[PDB]
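Given next, in C-alpha cells, is a single chain: the form deposited in one PDB entry.
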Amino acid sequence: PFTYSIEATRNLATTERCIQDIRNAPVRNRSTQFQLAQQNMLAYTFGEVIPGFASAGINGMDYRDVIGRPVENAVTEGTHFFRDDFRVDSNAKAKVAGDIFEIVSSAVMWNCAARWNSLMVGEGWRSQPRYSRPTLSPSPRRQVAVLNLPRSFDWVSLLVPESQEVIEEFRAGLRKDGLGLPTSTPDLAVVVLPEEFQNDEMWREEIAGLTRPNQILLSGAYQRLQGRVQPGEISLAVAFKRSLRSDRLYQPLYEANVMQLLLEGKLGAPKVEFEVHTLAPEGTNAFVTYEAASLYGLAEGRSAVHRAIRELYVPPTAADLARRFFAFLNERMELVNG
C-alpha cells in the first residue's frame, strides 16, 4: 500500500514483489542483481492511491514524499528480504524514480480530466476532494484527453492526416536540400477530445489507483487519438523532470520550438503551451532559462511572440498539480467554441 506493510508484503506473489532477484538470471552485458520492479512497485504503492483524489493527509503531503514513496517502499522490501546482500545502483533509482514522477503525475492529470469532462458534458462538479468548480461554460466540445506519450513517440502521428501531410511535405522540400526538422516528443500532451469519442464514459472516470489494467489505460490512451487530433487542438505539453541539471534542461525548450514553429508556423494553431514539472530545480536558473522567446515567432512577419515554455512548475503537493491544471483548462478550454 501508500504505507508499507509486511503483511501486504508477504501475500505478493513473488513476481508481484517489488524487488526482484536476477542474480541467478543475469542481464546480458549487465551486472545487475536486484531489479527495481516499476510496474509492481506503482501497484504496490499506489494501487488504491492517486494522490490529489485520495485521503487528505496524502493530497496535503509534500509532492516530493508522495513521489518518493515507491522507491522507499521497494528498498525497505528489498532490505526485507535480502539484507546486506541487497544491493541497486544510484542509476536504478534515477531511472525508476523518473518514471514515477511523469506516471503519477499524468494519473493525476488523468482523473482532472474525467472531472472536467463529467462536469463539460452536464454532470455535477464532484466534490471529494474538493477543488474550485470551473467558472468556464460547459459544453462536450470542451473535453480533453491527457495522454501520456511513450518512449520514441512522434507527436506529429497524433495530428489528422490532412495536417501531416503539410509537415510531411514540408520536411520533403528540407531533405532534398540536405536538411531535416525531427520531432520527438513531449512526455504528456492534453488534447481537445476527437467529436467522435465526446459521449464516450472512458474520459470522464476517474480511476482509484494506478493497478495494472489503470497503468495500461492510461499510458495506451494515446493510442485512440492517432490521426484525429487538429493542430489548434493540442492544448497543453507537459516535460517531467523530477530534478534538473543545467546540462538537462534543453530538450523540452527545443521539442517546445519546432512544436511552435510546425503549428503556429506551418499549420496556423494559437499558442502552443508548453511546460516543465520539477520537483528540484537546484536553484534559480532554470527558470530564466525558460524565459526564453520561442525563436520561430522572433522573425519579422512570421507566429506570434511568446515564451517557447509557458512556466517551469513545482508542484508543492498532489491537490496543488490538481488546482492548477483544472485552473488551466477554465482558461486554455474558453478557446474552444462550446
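For clarity, a rigid core is taken as the largest C-alpha set superposing within 1.5 Å between two forms. Positions refer to the first chain, counted from 1. What changes on going to the form deposited in another entry:
Looking at CA displacements between these two forms with the core superposed, a shift of 2 Å or more is confined, among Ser303, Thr278, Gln35, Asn40, to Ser303. When two forms of a protein are overlaid on their rigid core, residues whose CA moves 2 Å or more are considered shifted, and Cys18 is one of them between these two forms. With the core held fixed, the Cα of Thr317 is displaced between these two forms by less than 2 Å.
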The other form holds:
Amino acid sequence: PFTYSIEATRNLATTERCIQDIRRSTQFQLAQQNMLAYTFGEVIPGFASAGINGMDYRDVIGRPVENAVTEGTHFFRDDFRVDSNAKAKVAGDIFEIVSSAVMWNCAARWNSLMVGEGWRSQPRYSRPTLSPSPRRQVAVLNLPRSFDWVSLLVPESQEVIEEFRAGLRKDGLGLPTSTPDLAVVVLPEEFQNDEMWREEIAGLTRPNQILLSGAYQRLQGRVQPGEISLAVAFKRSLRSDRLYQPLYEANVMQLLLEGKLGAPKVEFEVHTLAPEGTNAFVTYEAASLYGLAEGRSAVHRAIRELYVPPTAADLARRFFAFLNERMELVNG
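Same protein, different state: after the form deposited in one PDB entry, show the form deposited in another entry.
A single chain, with no partners or molecules, comes next.
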C-alpha cells in the first residue's frame, strides 16, 4: 500500500516482494598452509639469519597474515576484505605451527648431539652440558585437532586408564581427556637409530608441514607414562575466560599420569605473545588439584610457567635449557 504495512508485506508471495534476493558467506579465504609455505618456505625462525632469529617474535608470527593481506590487495584491490575472525583463527594456528617447528629443529639438533654427531654451530647456541646418550633423544609432537593424548600411551597404560574410567562410566561419570597443542616425548627405544629425528628442516614447505603435523601418528601407542616430558599450550593472546582449557587439562594429565600411572611431575607450560595484563600470571599459579586432594604426594603447580617468547632465538634457547635439565632424569 502507499503507507508501508508489515501485514501487507508478510502476505506477498515470494515473487511479489519489492526486494528480490539474488545472492558460508566468506569471500576470500586465508589459505594458511599456503601462507606458511610462502612466508616460511625457507626460514625457520631461530635457525635462520640473525635478523629473523633476533626479531620481535610478534612480528615474525604476524608476517604471514601481513604477506597474505598484501597479496590479496594486489589481486583484488578495493574488493579485498577478510573478517577479523579469519585473521584470528589463522594467526593462532600460525603461532602454534611455527613455534612447534622451532621446537622440532631444537629437537633435531639435540638428538644429533645425543647420538654423538657433535653440536651444530649455525646459528650459535650454547652446547648442552648433559652427557650425551641415544636414550635421551626426544620427539616434538604437534598434536592434531580432535586428538586424545592418552592415545600416545603404550597399550598397557591405556588399559590402566580405561579400567579406571569403566568404574566411573558405570555411575554416569567419566573423565574424558582432550589434548595439549604439543607434547615432547622421550623417543621410544625402537626408534633411537632412525635418521629422521635428527634432521632439521629448512622451512615450512607443504611436505615439511605434513611431516611435523603427522609425526604423532608414528608414536601413538608407544610412549611410557613417564616419557611425556613436556606439554605446551599455545595461545597467541589471552583473555581471562580463555585460560582454562590448559589449566584443566594439565590437572587431568597429572591425575592420570602422576596419580594412576606413578609418573614424575608432569611439566605443562603455556606460551603467549600477549598476556593482556597480568592476571593470567596469578591464575596459572594454581596448585595441581590431584596432588592437593590426596596426601601422599608433594604438591606442585598444574602449569609450570606462563612464557612470553620475546624472540624465536629465546624460545629456542629456553627449550634447549629445559632439555638439558629434564633429560637428566633419564638414564643414558
